[PDB]
Amino acid sequence: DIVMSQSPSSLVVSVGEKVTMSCXXXXXXXXXXXXXXXXXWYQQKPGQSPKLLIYXXXXXXXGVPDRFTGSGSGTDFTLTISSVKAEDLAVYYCXXXXXXXXXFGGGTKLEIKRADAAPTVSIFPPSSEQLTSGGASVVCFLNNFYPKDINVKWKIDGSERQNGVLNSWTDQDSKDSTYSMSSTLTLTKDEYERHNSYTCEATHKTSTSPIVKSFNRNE
Amino acid sequence: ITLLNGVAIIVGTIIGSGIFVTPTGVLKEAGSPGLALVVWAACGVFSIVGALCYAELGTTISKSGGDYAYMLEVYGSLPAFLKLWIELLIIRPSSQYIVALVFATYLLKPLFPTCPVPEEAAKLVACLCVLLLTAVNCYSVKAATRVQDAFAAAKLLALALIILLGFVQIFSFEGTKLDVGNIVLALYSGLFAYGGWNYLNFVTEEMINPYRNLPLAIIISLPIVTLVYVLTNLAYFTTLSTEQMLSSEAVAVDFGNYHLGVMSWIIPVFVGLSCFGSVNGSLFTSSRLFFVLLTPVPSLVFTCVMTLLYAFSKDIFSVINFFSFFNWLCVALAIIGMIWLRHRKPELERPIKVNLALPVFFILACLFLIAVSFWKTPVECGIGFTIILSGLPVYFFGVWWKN
Amino acid sequence: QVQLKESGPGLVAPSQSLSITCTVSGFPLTXXXXXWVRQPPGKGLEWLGXXXXXXXXXXXXXXXXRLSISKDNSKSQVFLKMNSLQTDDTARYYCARXXXXXXXXXXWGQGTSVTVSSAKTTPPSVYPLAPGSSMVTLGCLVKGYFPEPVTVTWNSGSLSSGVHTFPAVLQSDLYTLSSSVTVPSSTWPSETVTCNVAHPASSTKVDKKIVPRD
Amino acid sequence: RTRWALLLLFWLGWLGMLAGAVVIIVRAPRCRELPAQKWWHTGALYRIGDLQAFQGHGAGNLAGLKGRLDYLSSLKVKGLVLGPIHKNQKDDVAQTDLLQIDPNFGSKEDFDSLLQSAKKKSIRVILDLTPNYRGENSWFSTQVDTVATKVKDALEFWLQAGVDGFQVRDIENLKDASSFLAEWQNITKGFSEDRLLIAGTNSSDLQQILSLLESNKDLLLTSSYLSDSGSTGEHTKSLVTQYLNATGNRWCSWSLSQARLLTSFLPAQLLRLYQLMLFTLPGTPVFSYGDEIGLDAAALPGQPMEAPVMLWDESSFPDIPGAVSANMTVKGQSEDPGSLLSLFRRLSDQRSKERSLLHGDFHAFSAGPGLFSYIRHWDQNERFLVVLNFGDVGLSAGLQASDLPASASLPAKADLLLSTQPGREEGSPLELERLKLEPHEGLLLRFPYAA
Ligand SMILES: *[C@@H]1O[C@H](CO)[C@@H](O[C@@H]2O[C@H](CO)[C@@H](O)[C@H](O)[C@H]2NC(C)=O)[C@H](O)[C@H]1NC(C)=O
Ligand SMILES: CC(C)CCC[C@@H](C)[C@H]1CC[C@H]2[C@@H]3CC=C4C[C@@H](O)CC[C@]4(C)[C@H]3CC[C@]12C
Ligand SMILES: CC(C)CCC[C@@H](C)[C@H]1CC[C@H]2[C@@H]3CC=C4C[C@@H](O)CC[C@]4(C)[C@H]3CC[C@]12C
Ligand SMILES: CC(C)CCC[C@@H](C)[C@H]1CC[C@H]2[C@@H]3CC=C4C[C@@H](O)CC[C@]4(C)[C@H]3CC[C@]12C
Ligand SMILES: CC(C)CCC[C@@H](C)[C@H]1CC[C@H]2[C@@H]3CC=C4C[C@@H](O)CC[C@]4(C)[C@H]3CC[C@]12C
Ligand SMILES: CC(C)CCC[C@@H](C)[C@H]1CC[C@H]2[C@@H]3CC=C4C[C@@H](O)CC[C@]4(C)[C@H]3CC[C@]12C
Ligand SMILES: *[C@@H]1O[C@H](CO)[C@@H](O)[C@H](O)[C@H]1NC(C)=O
Ligand SMILES: *[C@@H]1O[C@H](CO)[C@@H](O)[C@H](O)[C@H]1NC(C)=O
Ligand SMILES: *[C@@H]1O[C@H](CO)[C@@H](O)[C@H](O)[C@H]1NC(C)=O
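Chain order of the listed sequences is D, A, C and B.
Start counting the first sequence at 1; every next residue gets the next number (the deposited numbering).
Read in order, the letters of the second sequence correspond to residues 50 to 219, 231 to 352, 370 to 480 in the deposited numbering.
Read in order, the letters of the third sequence correspond to residues 1 to 133, 139 to 219 in the deposited numbering.
Start counting the fourth sequence at 180; every next residue gets the next number (the deposited numbering).
Hints are computed from structural coordinates only; laboratory data are not their basis.
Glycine residues also receive a C-beta, built at the ideal position from the N, C-alpha and C atoms.
A portion of the hints provided could be inaccurate.
[Claimed, not checked] Taking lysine to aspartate or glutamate and the DMTMM-like style, the derived pairs with C-alpha atoms no more than 25 Å apart in a straight line are: (1) 210/C to 6/C; (2) 245/B to 234/A; (3) 109/D to 89/C; (4) 113/D to 176/D; (5) 172/A to 558/B; (6) 51/D to 6/C; (7) 300/B to 303/A; (8) 45/D to 153/C; (9) 77/A to 605/B; (10) 510/B to 307/B; (11) 298/B to 234/A; (12) 266/B to 307/B.
[Said to hold, decoys possible] Estimated spans, in silico, between C-beta atoms of each pair: (13) 629/B to 80/D: 42 to 48 Å; (14) 427/B to 26/C: 39 to 45 Å; (15) 114/D to 214/C: 35 to 41 Å; (16) 90/C to 17/D: 36 to 42 Å; (17) 492/B to 20/D: 45 to 51 Å.
[Claimed, not checked] Coverage of chain D stretches by chain C, computed from C-beta distances (three or more under 8 Å per stretch; other residues unrestricted): (18) 138-150; (19) 180-188.
Extracted from the complex, chain D is given alone in its bound form:
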């Protein structure tokens, strides 16, 4: 069984920086009767099925942009993007185009460097339909920040509540290369109406002081 080892586990570049990712096979992937190297390169955008880019280690598939150049032979291979775009954020794999059991690659995630940007904090009260069933949950969204490491801390009218809060970052955007973060608090019907003011705080690298959005129950 051929073993495929993709060298860089995760890389981050800016737009137009000529990224390369390496590969290495255990057994030799060069049939020495036709001298054609056998390796493939797939591209998996986040949330989508994979897509073939390169077969026989240098032949680009039909409909692939010309930034993707692959070269090498023997037991070393390299996929090269000449200049990355904003939408080339994906995960790149490696197959074995000449084998009985086709062993795939490990995987390599391509991030994108951009300049820093501050979030856009918005806080929502629970809706009228959720208030009917007997449950209460408040939501604090955080839109369009780059560096993807925000520690959101919840405060209830001067009391920092940090037990049982949910967080879920989204994958990096393909248009403006930014992230997003949601933050929902799980409370009861009795725990929500026992207080009035709710504070969501957003720590970032853009500002020293946190960005605060809030609301009051009574109005």
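Got chain D sorted already, so can you dock chains A, C and B with the ligands onto it with the hints?
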């Protein structure tokens, strides 16, 4: 009996029925027929140096010694018991098994012309020939040799008929496969056909004076048989493929079917009686030499039982190379005796004086024949070697229980 | 065009067999070999087997005993039989398409998120989010559903700006995700923006027309 | 007293041993009779359409051909299918006589010396008889009924001069094709029943090939049936199996086309994979010249693709000196044991020698997708198993022998005679349940009777 009629007594013994089995075995280990032809002509003049020095030896051990083994060996080596024991259990009965087995393959080959013959059905018909010919010797020694001289004509006209067709129809050096393990193992099979030259003194010495006759009567009778053995190979190499006669149990029947339809009827009844009498004559000489309390009759039953034990083998060319390793062992221990008697005894030697040139060509040659096949495959030599030492239990039984 | 439709994700109890379909269009099924590829989320790809016009399989040794690939030549779809589903079988099962003995999977499938568990299917409970009191955001909180894939878009292809659908998180053996959309405040009073959900394990399509807070 | 029983027990025991020997040869199965092998069944054929290009540059006479036969018999061909050498000026009916040879080729006394020198090497010359071999329409578009009698009168003249068969091509271009092949097969067999008549057709579909073989069952029919096999040999298992059942496993020629080479239809990676298949299928392979060295109608500028120039050495093409390399020649491939000329000399050795490949039976069983495999067997001789991998990947052959007869069933190991790709050791035994072929590799495994 003169020089002319005395030579015809010699060729009656040396043209045996072994000629009909060996050319498949000489081609299997020499490949192309051009190399297979020179192996045939090599062993013929290889025999003429060995059969002539035995003729210098056998005339002296019959007059001064007076027996085959003992009185010669009390000069040579006083343990002669294992020499008679190796002669009588693996030399005589295995020779009587092969000549019986070629009768079995040729009798069934018209029934299975393209199939191989069922080899467990060839073990039965071979032993059905021996049990018929064991009892015919024990019942009447008179009636046994009478049809045997009639069967001596059957091996000649069937052999001449093959050469008769070898002239009617009329690469060679391509597939040599030269190997020292192969050129000595294909030389064993060609030497199996030259049988009986080591028993040649009892046949021709009694008739006329052996002064200059017996070298001159053997120096012309061996080139006259080596021509006939080569002329029966060209009758195979022209009438058949080298690939057809490599996969063949009876090569003469495959030859005979190619030419005439009722010539297929006439071959296995002619060569069938060739080896029928050849195993009959081989029971005669093996009966008396153990004798020369016990009658000649239990000597016939001992070489009968111990030749049925060779039905546990697998092929003919396995036991032929098992035979030739030990047949050529014991002749080297004989001719080492006469050169040791070149400084020991005067022997009153006026049959023939010359011992300089001829035996030294031979003893180094059969030692080369015994060297390669021992290192090659001793799984047949070792099972023959595990039993030659087993006579020493019987030797201890003879030292003290008779004392 | 080359289209490989697929069944969508399915929920099953453990040690029950699963048959997944890979219905195709746009090419003759008998002239190309259709392969199957397993991928657990956040991990590497794994290959399962092949098929042909003579229903001849070439399986992989790690997954040969519990997979039985079959092809229905009439309706132009291939099948994949699961056997004895253990808890490490929750994955996506892609069904690709390769040329006649070349092993270069060009046109892939759409993906089926097989999820195996002993639990029960639960329909989602969707609640909107209104801002109340230069652009403003609308939210759609979808809470309480067990089978994980839910596709949330806004007004079925109308709104494509600021559509941030967050990944699903797991708590109390249910999944809760929320979506967001960024639009100016001139459009949403002058229109109405309605969150729509799709739950392909149950086909529970619920819409919530967003009312504004006072 | 004591003499009574012990001879009577031998009188019992000898018949106690004869009672086994007399029934064992009756319980044992016997051979069935060999079929009468005609001379063309015993090996391959070899077509020379152009004598001018087989040796080259004005030395293409029939008299110069005699030096080539010791090369041409090292390939171990059993026939020779010399092109149309009769005098014919193109598209002209009255000025074509099939009795006299064109003096550009030689003369009548040169041809009769060629037949005599071919008999010493066991090579049979099969004369072509396509009447208009220079026009695009081969069979004289109008007045078709006298050119039928022009060949019928010339079927007697070359048969009394010592040719050993005949060959006509393009029988799709004359009317009444199935009836004219019936009169000529009678004349060619009524003279002697060891003569040949190879017809040739360009039609690739099966239903036009069976209509020619339903009247005459004793001619070879070369055609382009196997020509459009696919891009990578896709329908090769389908086309080989369906044709042998369409005729009920009769005798039939196996060739890619009626006149063209191998490389006019295949990539260069599939040449060693088809020369293994064309020798071991139950019929006479009909190669054209240059198919033993991998001659290419392309890759050399200024070449007529109907008749390329043979590459004997590097001096074969003096028109462009830097084109012909040292591995594309007959001399350059003779000593190289991994070349293509050695494969043609190892496979035609086995086709002429062994009896399973000669007139054995054919039983192809199921395997993995993308590879073809079949068995070859006579009564009790050596058995042959060919495995061809037509895919561009390293498939593991899963051999499912569930429909083979009990006389010819698979062993657990079988030793490798030769493989078309270097990388395996030859002669060693090879397991069958774990085979694991290479991309575009073919194997030839043998195993004995053992039943
Ligand atoms: C095989 O031979 C037939 C002979 O009839 C060819 O058919 C002719 O093709 C020419 C030009 O291609 C046409 O002008 C004729 O009208 C055709 N005749 C008929 C009866 O169809 C056919 O093209 C050949 N096939 C190949 C691949 O060469
Ligand atoms: C020692 C002596 C008595 C041995 C005699 C052997 C006899 C019985 C054997 C040897 C040759 C044999 C024949 C060889 C060939 C054929 C042709 C076949 O189609 C029918 C059997 C037949 C006709 C055989 C009959 C039996 C046969 C005559
Ligand atoms: C114990 C001693 C005295 C026995 C003497 C007789 C022996 C040597 C003989 C008599 C009968 C013979 C057997 C007769 C037939 C067959 C069948 C054949 O397919 C293999 C050999 C075999 C099995 C023989 C072996 C040797 C045998 C057993
Ligand atoms: C000298 C003695 C021991 C030889 C004995 C040979 C015996 C066993 C052989 C020789 C001739 C043989 C017969 C020759 C022909 C036939 C006809 C065939 O359709 C059935 C077998 C049968 C009937 C054979 C049986 C076996 C047979 C009788
Ligand atoms: C194979 C096994 C069973 C051994 C067979 C041994 C046979 C061949 C031997 C053993 C005993 C022998 C017998 C012993 C004594 C006599 C008396 C004599 O006046 C005629 C021969 C005769 C009748 C012998 C015939 C051959 C014989 C039967
Ligand atoms: C002395 C007594 C006990 C036995 C006399 C017969 C002996 C010498 C015979 C009978 C059985 C014979 C064996 C039968 C079969 C085989 C297998 C073969 O691959 C090598 C030779 C070998 C091993 C033979 C050697 C010689 C042998 C042992
Ligand atoms: C040839 O034809 C004639 C009459 O047409 C016929 O009698 C004869 O048998 C044929 N020859 C064969 C079939 O060999
Ligand atoms: C061969 O002949 C028939 C007729 O076409 C075919 O359908 C079938 O596959 C084969 N039958 C047998 C018995 O081999
Ligand atoms: C012959 O050798 C040349 C090197 O000069 C090489 O380019 C060519 O591919 C070789 N021919 C074949 C058929 O491989």
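Hints, one by one, checked against the model:
Taking the CA atoms of residue 210/C and residue 6/C, the gap is about 19 Å. The hint holds against a cut of 25 Å. This hinted pair checks out: residue 245/B and residue 234/A have alpha carbons roughly 22 Å apart, not beyond 25 Å. Proposed proximity of residue 109/D and residue 89/C is supported: the alpha carbons are some 24 Å apart, at most 25 Å. About 11 Å separates the Cα atoms of residue 113/D and residue 176/D, which keeps this hinted pair within 25 Å; it holds.
The suggested pairing of residue 172/A with residue 558/B holds, with an alpha-carbon distance near 23 Å, which does not exceed 25 Å. A C-alpha spacing of about 17 Å is found between residue 51/D and residue 6/C, which places the hinted pair at or below 25 Å, so the restraint holds. Only pairs whose Cα atoms come within 25 Å are accepted, and residue 300/B paired with residue 303/A is accepted, the gap being roughly 18 Å. Simply put, residue 45/D and residue 153/C have alpha-carbon atoms about 20 Å apart, close enough for the 25 Å limit, and the pair holds.
Of the pairs offered as hints, the one joining residue 77/A and residue 605/B holds, with about 21 Å between alpha carbons and a cut-off of 25 Å not exceeded. Our distance criterion of 25 Å between C-alpha atoms is broken by residue 510/B and residue 307/B, whose separation comes to about 29 Å. A distance of roughly 21 Å separates the Cα atoms of residue 298/B and residue 234/A; the hinted pair therefore holds under the 25 Å criterion. A threshold of 25 Å between alpha carbons decides the hint, and for residue 266/B with residue 307/B the separation of about 12 Å falls inside it, so the pair holds.
Checked against the hint of 42 to 48 Å, the pair residue 629/B and residue 80/D fails, with Cβ atoms roughly 58 Å apart. In this structure the hint that residue 427/B and residue 26/C lie 39 to 45 Å apart at CB holds, the actual value being about 40 Å. Take residue 114/D and residue 214/C: their Cβ atoms lie about 36 Å apart, and the range 35 to 41 Å holds. Range check, residue 90/C to residue 17/D: Cβ separation about 37 Å, and the 36 to 42 Å hint holds.
Between residue 492/B and residue 20/D the CB atoms are about 48 Å apart, so this pair conforms to the stated range of 45 to 51 Å. Counting residues of the segment 138-150 of chain D whose beta carbon lies closer than 8 Å to any beta carbon of chain C gives 3, which meets the minimum of three for the stated coverage. For the segment 180-188 of chain D, the assignment as covered by chain C holds, since 4 residues bring a beta-carbon within under 8 Å of that chain's beta-carbons and 3 suffice.
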